[PDB]
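Here we start with a single chain on its own, the form deposited in one PDB entry, put down as structure tokens.
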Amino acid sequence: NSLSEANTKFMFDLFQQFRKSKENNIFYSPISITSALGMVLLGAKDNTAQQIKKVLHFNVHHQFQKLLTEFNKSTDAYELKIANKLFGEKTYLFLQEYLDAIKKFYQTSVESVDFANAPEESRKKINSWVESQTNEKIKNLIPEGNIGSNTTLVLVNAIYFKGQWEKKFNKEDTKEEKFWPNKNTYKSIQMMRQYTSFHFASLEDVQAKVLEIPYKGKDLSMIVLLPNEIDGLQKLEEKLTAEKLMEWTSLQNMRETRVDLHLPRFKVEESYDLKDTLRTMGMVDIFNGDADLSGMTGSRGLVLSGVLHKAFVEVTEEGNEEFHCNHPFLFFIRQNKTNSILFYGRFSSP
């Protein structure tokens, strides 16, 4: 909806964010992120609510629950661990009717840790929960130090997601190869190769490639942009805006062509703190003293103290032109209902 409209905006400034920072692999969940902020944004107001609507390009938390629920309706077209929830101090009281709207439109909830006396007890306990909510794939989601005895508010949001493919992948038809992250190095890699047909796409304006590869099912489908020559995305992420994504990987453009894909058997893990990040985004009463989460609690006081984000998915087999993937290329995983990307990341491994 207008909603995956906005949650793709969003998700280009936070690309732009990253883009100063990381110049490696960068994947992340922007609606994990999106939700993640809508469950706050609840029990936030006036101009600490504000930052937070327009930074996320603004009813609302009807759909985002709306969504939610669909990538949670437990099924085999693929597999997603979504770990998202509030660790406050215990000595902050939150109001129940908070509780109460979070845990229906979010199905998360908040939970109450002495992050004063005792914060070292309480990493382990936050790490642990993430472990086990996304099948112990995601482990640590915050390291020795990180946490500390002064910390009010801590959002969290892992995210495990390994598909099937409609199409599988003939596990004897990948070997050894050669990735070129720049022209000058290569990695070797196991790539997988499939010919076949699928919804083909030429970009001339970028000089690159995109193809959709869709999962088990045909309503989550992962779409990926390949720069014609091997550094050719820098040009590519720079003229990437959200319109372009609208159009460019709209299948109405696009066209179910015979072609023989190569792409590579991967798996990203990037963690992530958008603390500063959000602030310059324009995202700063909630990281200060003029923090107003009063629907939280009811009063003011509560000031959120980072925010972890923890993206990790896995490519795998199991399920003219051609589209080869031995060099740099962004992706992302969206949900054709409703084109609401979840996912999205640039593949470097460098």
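For clarity, a rigid core is taken as the largest C-alpha set superposing within 1.5 Å between two forms. Positions refer to the first chain, counted from 1. What changes on going to the form deposited in another entry:
- Only one candidate in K239, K104, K187, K218 has its Cα displaced by 2 Å or more between the two forms after core superposition: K104.
- Once both forms are fitted on their core, the CA shift for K9 between the two forms remains under 2 Å.
- If you fit the rigid core between the two forms, you'll see the Cα of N150 move by 2 angstroms or more.
- Core-aligned CA deviation for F266 between the two forms: less than 2 Å.
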The other form holds:
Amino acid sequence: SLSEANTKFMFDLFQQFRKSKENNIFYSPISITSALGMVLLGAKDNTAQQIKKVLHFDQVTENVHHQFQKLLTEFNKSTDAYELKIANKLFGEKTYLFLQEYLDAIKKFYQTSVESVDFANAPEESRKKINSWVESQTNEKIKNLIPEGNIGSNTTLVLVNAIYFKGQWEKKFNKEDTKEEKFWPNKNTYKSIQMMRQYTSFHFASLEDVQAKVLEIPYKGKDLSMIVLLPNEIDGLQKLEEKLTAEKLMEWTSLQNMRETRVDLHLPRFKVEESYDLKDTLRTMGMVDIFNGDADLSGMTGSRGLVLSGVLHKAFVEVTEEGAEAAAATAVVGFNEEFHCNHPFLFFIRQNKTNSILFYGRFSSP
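Could you switch over to the form deposited in another entry, since the one displayed so far is the form deposited in one PDB entry?
A lone chain is what you will see next.
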């Protein structure tokens, strides 16, 4: 199952991300999968086999690219209550020729469009053009995706994925009920925060065992939901993080294993913005040939010689009384019950029909 593969890669990412100093974590695993999927399509031999393993695409069954193409289709839908959109794009050096085969394949499986830019003579201005396209696909929430240092006059390829979601809560919060309260990042310390509050019935589950609770907060239309995992104890997050695997997430957070239940939901207004340099991270995870001289990306060009210089990700979420807005992008460069979220919690945004986790995060502090 592909949904499962993507969710496993999501946890493999999370364990790496835990090592940086940043308190909050927020990223789109699907955006990253999509960008690396476009790289895989042009990879060969061992270069390809390492990518497949990192993405868990070697564990999907029946061609994976076809299954991903079906997913991409589902992720482009707007109603009156929400917008979800995803796009893939290839920016190549103007004078540089890709295999028609490779172009047809990314067009077909990843809906990728192609734009030619002048990296050779204008690498800085090319950088800024890619960064603006990304703004343009993210309601301007992802700015400066690719910082200086990453594009040069020898750059021949930047593959980019952008994903954007904005949706209304099915049951909105009343701004009149929002109040300043303390948020405790640790047992013995606090920061002020605007706490939204409502009493309503939601699918709920108590996970007595990791000493946590789970809540589903639907978006209007119920195509998407935000799932939140709240440790029972102020300091219990570290255990929950150790025990939450893809298999456990799938069990605990399915409708099947939750129940409609009335909850004083207290959820803070919050905003998270984070950046990731993914090169060394993916290297650790198993993707080595692609970043060095062994690289085989001859499926892109017809011969070896292309190597990836970087992989960058940036992500944004904001939660308000009306709903939530979430965005991310990835660049690859080549050459009765209470649920009170007043201490750290995990959250994610899921597309319910496909069971896909589009965005995943940890809120540790305002």
